[PDB]
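Since chain Y is already given, all that's left is putting chains P, C, X, L, B, Z, E, G and R with the ligands on it; use the hints.
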Amino acid sequence: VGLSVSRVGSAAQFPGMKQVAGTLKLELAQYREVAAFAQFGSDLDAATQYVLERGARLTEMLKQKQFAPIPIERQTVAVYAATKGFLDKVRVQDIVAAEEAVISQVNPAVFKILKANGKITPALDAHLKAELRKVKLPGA
Amino acid sequence: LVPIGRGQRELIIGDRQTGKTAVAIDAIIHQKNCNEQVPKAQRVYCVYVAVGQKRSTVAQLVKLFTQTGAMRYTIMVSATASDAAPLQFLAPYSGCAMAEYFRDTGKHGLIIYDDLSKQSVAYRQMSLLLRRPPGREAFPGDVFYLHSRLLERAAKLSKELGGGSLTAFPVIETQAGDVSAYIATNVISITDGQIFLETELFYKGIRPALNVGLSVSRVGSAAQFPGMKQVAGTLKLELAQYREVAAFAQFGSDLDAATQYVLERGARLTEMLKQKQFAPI
Amino acid sequence: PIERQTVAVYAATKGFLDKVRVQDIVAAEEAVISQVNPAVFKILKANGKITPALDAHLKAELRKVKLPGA
Amino acid sequence: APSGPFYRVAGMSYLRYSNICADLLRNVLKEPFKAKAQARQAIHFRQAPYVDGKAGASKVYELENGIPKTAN
Amino acid sequence: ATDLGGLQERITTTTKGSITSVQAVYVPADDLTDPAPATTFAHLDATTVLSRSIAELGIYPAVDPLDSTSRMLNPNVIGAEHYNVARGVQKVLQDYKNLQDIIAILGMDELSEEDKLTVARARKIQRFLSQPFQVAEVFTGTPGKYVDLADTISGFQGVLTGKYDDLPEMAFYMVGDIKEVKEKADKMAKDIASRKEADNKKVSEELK
Amino acid sequence: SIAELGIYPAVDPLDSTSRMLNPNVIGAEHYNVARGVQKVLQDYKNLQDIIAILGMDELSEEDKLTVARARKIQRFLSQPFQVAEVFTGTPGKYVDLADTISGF
Amino acid sequence: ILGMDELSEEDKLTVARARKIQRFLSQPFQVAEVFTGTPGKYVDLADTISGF
Amino acid sequence: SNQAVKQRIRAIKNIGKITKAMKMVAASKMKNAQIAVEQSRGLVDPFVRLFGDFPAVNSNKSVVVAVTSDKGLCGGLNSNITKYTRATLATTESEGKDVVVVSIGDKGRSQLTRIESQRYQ
Amino acid sequence: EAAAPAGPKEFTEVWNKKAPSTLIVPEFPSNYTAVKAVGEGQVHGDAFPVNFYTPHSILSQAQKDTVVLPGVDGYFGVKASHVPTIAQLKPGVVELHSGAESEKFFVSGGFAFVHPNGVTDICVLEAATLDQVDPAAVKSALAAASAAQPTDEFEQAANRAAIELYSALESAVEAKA
Amino acid sequence: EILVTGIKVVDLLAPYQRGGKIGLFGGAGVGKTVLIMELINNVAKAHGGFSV
Ligand SMILES: Nc1ncnc2c1ncn2[C@@H]1O[C@H](COP(=O)(O)OP(=O)(O)OP(=O)(O)O)[C@@H](O)[C@H]1O
Ligand SMILES: Nc1ncnc2c1ncn2[C@@H]1O[C@H](COP(=O)(O)OP(=O)(O)O)[C@@H](O)[C@H]1O
Ligand SMILES: [Mg+2]
Ligand SMILES: [Mg+2]
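Chains as they are written, first to last, in our numbering: chain Y, -18 to 121; chain P, 84 to 364; chain C, 7 to 76; chain X, 13 to 84; chain L, 2 to 209; chain B, 9 to 112; chain Z, 930 to 981; chain E, 40 to 160; chain G, 5 to 181; chain R, 477 to 528.
Chain Y on its own, in the form it takes in the complex:
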């Protein structure tokens, strides 16, 4: 991400993705600094460890398998579940399963209104705050 650029993408993407991808790019930017810094986790600050845990959560969120492209409305709610709360309990090894738990467990009625309205309206923001809580995360 540090070297890949899209020099038209500033307001040339999905508006619902643009709501969350600014915070995604900013909190990954702060992870790309301290990531090479703190390989260790013996003696940390409370501030750099928060950035390192959010960045590791977003990194293991963003990967995906081959030959399976996701629709934009279904990866938007995964990035919405990762840049907001809802995922800070699975360590790193469950976020691939936690995202699939999100996509399988969230009511598929929000995908239709996200795909149709283009962005996350505040009513859909309230139902997306709500419906992401009643999923069964596999973090045991």
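Honestly, the hints are just simulated from the structure, not real lab data.
Beta carbons: idealized from backbone N, C-alpha and C, even for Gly.
Incorrect hints may have been included.
[Said to hold, decoys possible] Residues from chain Y that face chain B, not an exhaustive set, calculated with beta carbons under 10 Å:
no., residue
1, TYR12
2, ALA17
3, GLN20
4, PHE21
5, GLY22
6, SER23
7, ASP24
8, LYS46
9, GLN47
[Said to hold, decoys possible] In silico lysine-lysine, DSBU-like type, Cα no more than 35 Å apart, as pairs:
no., chain 1, residue 1, chain 2, residue 2
10, P, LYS123, P, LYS146
11, E, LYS45, B, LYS80
12, E, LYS56, L, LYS98
13, P, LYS287, L, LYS98
14, L, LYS188, C, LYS25
15, L, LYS202, C, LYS55
16, Y, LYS6, Y, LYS70
17, L, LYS183, G, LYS22
18, E, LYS59, Y, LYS6
19, Y, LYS65, B, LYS80
20, L, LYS197, L, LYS146
21, L, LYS117, L, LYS185
22, Y, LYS6, Z, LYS949
23, L, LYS203, L, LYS117
24, C, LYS20, L, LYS183
25, Y, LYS46, Y, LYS117
26, P, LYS115, P, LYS359
27, B, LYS72, E, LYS59
28, E, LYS45, E, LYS56
29, G, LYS94, E, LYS122
30, L, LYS188, R, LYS521
[To be verified] Under 10 Å between C-beta atoms, here's a sample of chain P residues computed to sit facing chain E:
no., residue
31, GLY260
32, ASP261
33, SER263
34, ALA264
35, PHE334
36, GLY335
37, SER336
38, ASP337
39, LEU338
40, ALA341
Here is chains P, C, X, L, B, Z, E, G and R with the ligands on its own, set in the frame of chain Y:
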């Protein structure tokens, strides 16, 4: 560490003033030391090919081989620096043709092409003046074929063809340790082993400066002395342990008594392998 | 000019520009060049050498300088 | 053999007696405070007498409940 | 190579006379793998490689002791103790060169005791290999020093075994032999004990 | 560098690829074991810059485990060759696929 | 690494001065007033020399 | 050749972040430990207020404890108090007293046995 | 009687004749203390300075007018110009009064010095304030204490130190406001 | 046979041969003309034969 068999091609590669000629001259002198103790079909007749050197160096070597006694088994082919570039191009092939008498008739040869890189330089000169188009480092295209057809004549012949052998010791000089050069990678891809000599170990008192890590032998222990095989494997593994423990030895405050054990044992073996020149054991 | 350069180096190397703050020497040496009598410049440029009279008179006139701040 | 208080005649130094009393006070604290007072109780070091300047036997300490109440 | 060889092969000692040839060899852009210096290297008995990194350290003549070689450095030619002290100086200097990156990064205070002993002895023999030249006294002012061979062999054997650990590093800088380092250390420890009262002026109010 | 450690065959595990490394063709357990081996070896490669300066005393036993696991894996990827019996005195070993899957 | 409140009082004065200089180097642009709304202002040279 | 410096740049560029991470780790540890030092500094006052402070006593048996570090990237700390120890072991010893040398920290047991091999215990 | 008048100043010259001059003289722990014992003053009337101390925390550096210390002979009370004492404190309650207000730290034991300049230095190891002790785990501790019969004198003294703290801690939570 | 030069590094680590070819490598002001002037001044006056 890198044992050499009767019939293989062993490259002596290093920088300038590191001990390549000294290793080769010990190889020549030891043959006179052993030829007085073996029967007729076990003697080795050395051929030393001196390409591009001075006449002073070749005169110093002929004096050394006379004072040792090794001249009665050695031929000295020497196309020096004042000679024409065709003569320096042809001196390794003439020396190999002179040693192929001993190969083809059941005796054993030891051909030493000192400065095969100087042959490559003379061949590049002779080709660039013949208007042949240059390539990488202005060498011709067939400079691999040049050393390939020379070094493939070092062979261990079958029992049907007399059983004679020819052992090549080509000498390549690198520039500041850069073995990634054109002629160096050519002859490294041709020869079986490598006797790589480092300048940084040469001034650490490790003389002959054999880099034990990068020096290999693709014949290996198939042509080693047994007895030397019984202890030299232990020597190889312990020196590998001493190599990998290093870059932690700057901190002698931090004792461990398990890595310090292999450190002191490897340093014992390192000082064991040092040897004064012109006196082969 | 070269005489006003060697008078500056003689003022700074012989300890006379001691005690001066290091952001004040660029004014203090202008004070050395301006306030000192120009006869030592003319003598030093004429005979081209610090004579045993001139260093005696030169330390004497380098004592009578108003270096800024003191 | 010795003479004095009940710890000095039991072969106990004053530091061990006072640390024993401090550990017994730390043990009966409230759980917002006894968990914080668990931190100042752990002893973690190792000693080794050097009779020659190069070697010596070692004794480690990995105690969590405090100073040893039994004699060492 | 043949141009340079056909020139350089006429500069030899024959049986009827002798030519002692000293040749300066420029290296282009301070590069020794350039083909003209690298070809000149084969034609010489003695080599004296002068380094810019050593001249910028104030050491003069700026000879790289780990790159200047000779054929006379042989115990069957120059003697056993001369060869031993030369190889000991070279081993101390190579062991110091192997520590330059870890001295740069971690600092001097992180080394072992044998490491910060051999670094100190190497810094002493680095300054002690420098020498004021008799032809270089017109732009430096320090006089020149012709050292005997026995003087420098004994003077370096002393620094190798450790007879002069207490001496400062800068006492070895630009001295002739091992007497002059002691005289320089005495003169430079008078300088840290030289204090005068009232600066013995007597300049003002001379008599006529 | 893999052969410099003595590990033979010196196959660089984070440089050797295959088109057969899809999970569609070698199944899920072989694919997950291969990717897990490559993952812990990339982790050892990223931690080797710390443990070559410090020496494994600042990893708080959360990545001290993966360094020993990766060292066991790098040793276990070596194998005696039947054609290398004449170099080194060790008989060759032919390992079946289910056995190396279960071992790794 | 240490904190805001660690440094001196002249350090606090230079921090406040440079934080208000960095804002004073910002300037709204007259071409940007159609998609930002706020008008931009051409500053004269002696005006910015006096202001700084 | 041209990948030698390309890999050396990688090695020094990673050291230039390892040492900065270690600098921030040391800074956070110093921030966490300064509040414990300042709380522990008070109790030393009543004993030097009651028992005084007498370093140059004519003791017959003395025990010298040099409080050093364990890890050795401190940069001139454990070697400086070894200078103070050899300047202090050569101050009280003027009359034939018995001295025990004790060291806390691995960089003390690595350095006090260097100059003092027999009185270290 | 005073055959070696040592000190921080007297150590300096014996150091400087046998230390290298590049090494500056080490500082001494008396240089970091602003109040001593011998010099008269620092009481001024009714309110005298009390320095409550633990190894891990400083509990008071304030000025009080009475402090009630649980000495080994019994709970005594230090007023302003008290006699200089070095009083070993058995496990009990230290009360620091600055007026009508009192703070009651139950301590674990450790000395208390009243000095000839009227300063008071309480020096205990563990000093919990009274509302943060668990009043139910005292009896379950001292039942296992008094029910433990040891054989060695070491564990006997440790058990005696257990009972002498726990019985005093019973009497420290029972009838207190 | 050795050629004593009076220079410490030359006589110790790379001794010159009386009747041998000697090279002085280095580029652009490192001192290989001052070194050859010192070799002239030290060797040529204590030689006896002719110089070129
Ligand atoms: N094992 C050794 N022990 C001691 N000295 C050695 C040893 N090997 C080589 N030398 C010395 O190294 C010096 C350089 O000669 P060497 O035989 O190294 O030439 P080379 O490196 O083979 O070829 P070139 O001179 O072209 O670089 C010689 O003076 C020789 O005495
Ligand atoms: N022995 C020496 N002592 C002091 N300075 C030296 C010495 N050798 C060289 N230098 C410096 O090097 C400069 C020129 O070196 P030079 O001999 O001209 O090298 P080159 O001939 O390679 O250009 C001189 O001006 C001098 O300052
Ligand atoms: Mg050679
Ligand atoms: Mg010149």
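**Request:** Of all the hints given earlier, name the ones this structure violates by number, lowest first.
**Result:** Result: hints 1, 19, 23, 29 and 40 break, sorted rising.
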